[PDB]
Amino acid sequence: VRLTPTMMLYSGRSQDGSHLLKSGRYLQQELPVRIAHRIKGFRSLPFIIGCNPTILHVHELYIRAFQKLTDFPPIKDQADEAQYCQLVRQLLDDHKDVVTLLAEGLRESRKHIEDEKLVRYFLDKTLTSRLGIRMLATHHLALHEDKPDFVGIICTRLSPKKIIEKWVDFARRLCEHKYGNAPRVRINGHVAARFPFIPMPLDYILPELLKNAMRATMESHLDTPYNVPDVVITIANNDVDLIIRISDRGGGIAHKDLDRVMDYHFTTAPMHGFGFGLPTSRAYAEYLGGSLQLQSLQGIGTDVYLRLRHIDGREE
């Protein structure tokens, strides 16, 4: 139905809860293959990195997950599909702090290091496979519920302005709690657009980009925390993609850091996180068929351009 990388999100012709069985069976044939690929990923990690405790723990979670998934019998009826949903849920929860554990595990290993680009390739490949598995899984689960304007995790009439505002309020609150104020965010462009879209990736990316913009703005206006320049977001909606530009007046990204900011762990900083925001968002966007580009005006501010392809057709 709705495609993305090579994964499919089924648009269920409901009826006699029949579509659910077709989706459960798909999910059941898909998850163990994706889990195995990531186990191969841990097996090929440099020995010294792979021997790190936390990394081993995560490696063991993936083996365990592969085993429970492999041991569940083929879904034959509603009775099965329903217990499978309990398995999927237990796994999503068990793997809740995986990105966090990976970042910690890998943080130390590269005092010890290997092939400069070797780890980035590993984290890009692991984080995005994770996203895709969670999208598949969350979508099957959601196909049970009946939420207005959704087919599973797919919103049928998503408003970019509305999802942006949701994350603006969130980020502004993290920022006010920390600095006592937060820049206001103005939104322009196609503010009335509504189209079929999956909001999950935007739910990770948008708050990461807004956190970066608000902090850089606050950190560069220490003399007047009570009066800082607005962050400005422009929405461009065309038949090919959705573009969201986030411009701040927070001083820009220094020429001396420009080439490091897209590296996992790199950071200039607790609100910010742990240097994963940008490299993760870009991996996610490219995984989905879009991109994330930065334009730095050193001494003035930064423009961040997020592009995501529309479902599998154009759109207004």
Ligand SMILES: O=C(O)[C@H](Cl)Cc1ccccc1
Given for the second form:
Number of protein chains: 2
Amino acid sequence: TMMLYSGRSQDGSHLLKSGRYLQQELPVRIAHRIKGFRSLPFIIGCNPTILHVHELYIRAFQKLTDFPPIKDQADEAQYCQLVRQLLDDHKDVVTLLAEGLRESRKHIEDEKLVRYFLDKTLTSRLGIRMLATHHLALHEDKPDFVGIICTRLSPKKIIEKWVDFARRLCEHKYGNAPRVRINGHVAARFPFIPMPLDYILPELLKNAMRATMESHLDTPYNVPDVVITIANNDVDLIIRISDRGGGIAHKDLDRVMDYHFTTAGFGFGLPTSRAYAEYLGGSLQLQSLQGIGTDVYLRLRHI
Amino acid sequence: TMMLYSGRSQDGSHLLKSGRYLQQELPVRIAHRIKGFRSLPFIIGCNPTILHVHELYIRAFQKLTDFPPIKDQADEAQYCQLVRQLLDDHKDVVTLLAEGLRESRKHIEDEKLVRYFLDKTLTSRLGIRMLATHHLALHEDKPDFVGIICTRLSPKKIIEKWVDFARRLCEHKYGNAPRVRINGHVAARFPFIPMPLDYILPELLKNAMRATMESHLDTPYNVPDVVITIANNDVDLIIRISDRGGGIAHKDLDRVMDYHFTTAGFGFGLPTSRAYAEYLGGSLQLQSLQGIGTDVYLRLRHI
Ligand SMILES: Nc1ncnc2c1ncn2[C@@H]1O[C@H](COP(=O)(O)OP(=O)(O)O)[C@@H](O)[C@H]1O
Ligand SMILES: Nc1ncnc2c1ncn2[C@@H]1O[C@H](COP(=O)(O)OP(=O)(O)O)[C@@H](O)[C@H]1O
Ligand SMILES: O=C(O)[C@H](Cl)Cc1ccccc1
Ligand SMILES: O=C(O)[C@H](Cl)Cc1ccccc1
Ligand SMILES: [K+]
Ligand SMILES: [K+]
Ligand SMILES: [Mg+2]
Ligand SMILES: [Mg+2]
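Shown: the form deposited without the ligand; wanted: the form deposited with the ligand bound:
Let's see the whole complex now, leading with the same chain.
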């Protein structure tokens, strides 16, 4: 449904076609988000933070539609400025929704409703930001990238990037962090879009590390490694993240995938990651060994 | 629904109550199996091997109902002889059903039907044999057993028993076998009924070993270990069997749980194991890392 244009061209004609495609596509997608807010239960839609986000989307739609049809490179250039502005203006939207919904959702009893709204809203948003960021990136001169598409992504490398990140957060909080071993198809390289991994990987790694530290309070200086296995085949990329952090309790298991649920970010890591994975044609599955640890399986389809 | 009597008594009164319970229970359960055969699609029910099994059940029902009410230890003793006879007469039933159904099932188009019949038939049969074997075992003087209930089963020990068994089959066929490492709650001991593990474990181990050998045809002398993790908590026992045997292909994944499906026993290992696990209140789940290996998770509820 959403096209990431991979074409390049000397005169910069492909930038024009891309820009014109965005211009047709973005207002429509934003209008769908606005309809989602309009259909929220009244009591939730009246929450001042939800109203703020609703108004941001209306404002986005207005600016996008106010922008004249792109006729030349000069126009396309100014359109990119608008798109950059909107991307920035909306950067905290996930956090505002989480906040606005936290209490308000407790009112209504159809708890399916908020899950559906958040799944639909956050995944459409991911898709919108991918499209827009892709267009902007077409102007960049990065080797191994066409827009936001890496032509030879290494799962091992991007995993290591987020491992370093998560380990530093963990070390800050607990004074130590599990080491991470990576095995399986460590030398794999293939065309792939980093952005979803950039959201999902740190969420899963933070979870695994927290769980490991909290279950080893007596030996923070000596905790079990987290073990990550990469499997690359013609159909999908599988990343298994296995910890010895004690598992997800039976009493918690049916709730960990709910937005807002946490035993402690703000309980969004798992449901958001799963929503993103499925949006892109993959999945996120959990296997809990209560008393031992948890295996988390991220699957993403190849391009 | 099915009670395994754990009571013991000096005068041998508990043997009488147990026997009388069997006498009430067995004919009813067998009649249900007979109704299952009666409702099989005509073309399948007419298969001579299916008819043979159908007739065995009728004959079982006749003998059980022909047996007079148990009034004393002398009677109970003779009833045990009948039960032993029937257990033996029916020992090859799974194999006969597999054979009788193999071709005949291809006729009818509702493929849900055979799955349902086999799930229902095989699990009811497991339950019946557990009840009967339990009663017979009440006469035995084994330490750590009440009937077929082990009062302090070690998952590690019973796993090692079947590991040795599977490794010998594997070595016979391929000239070598993966080593198996066991980790997690290796010292766990708890009350538990071995019989279902005795069916399931060798099936899962044979699968893992076959997969490992067939994916390492160039280095049969040096193959990846199978790794088994035990997790014991207050709710269930989890046994994870992880291999590096290349995984279950995407094109096969939705078929491996079908009776008769095999890429090579006779394609019964997985569906039978899952049926047994669920019958007992647990589950059997597969995680395939195509190109790398497979994790199989057996969960069984504590007693
Ligand atoms: N690897 C894991 N081991 C144990 N528990 C986990 C793991 N991953 C997630 N959880 C549980 O799931 C809950 C929800 O996780 P998440 O949605 O990422 O939100 P948060 O981390 O903000 O609590 C966590 O609070 C934790 O209880
Ligand atoms: N651990 C495993 N690794 C790879 N493939 C497996 C594994 N376990 C089962 N399979 C696949 O599932 C199929 C069905 O298995 P099963 O029901 O046990 O029957 P059988 O072993 O008789 O073929 C196997 O033929 C094999 O292709
Ligand atoms: O992040 C958001 O919530 C929106 Cl989709 C940002 C946006 C980007 C491009 C055009 C319009 C809105
Ligand atoms: O294995 C079988 O198919 C039956 Cl349940 C054997 C049996 C055992 C006890 C009483 C009747 C039948
Ligand atoms: K959550
Ligand atoms: K099968
Ligand atoms: Mg989290
Ligand atoms: Mg098998």
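Numbering follows the first chain given and starts at 1. Rigid core (definition): largest C-alpha set, two forms, superposition within 1.5 Å.
Core-superposed comparison between these two forms: residue 148 shows a Cα shift of 1.1 Å.
Taking the core as the fixed frame between these two forms, we note the C-alpha of residue 13 moving 2.2 angstrom.
Note on residue 202: its Cα is shifted 0.1 Å between these two forms, core used for superposition.
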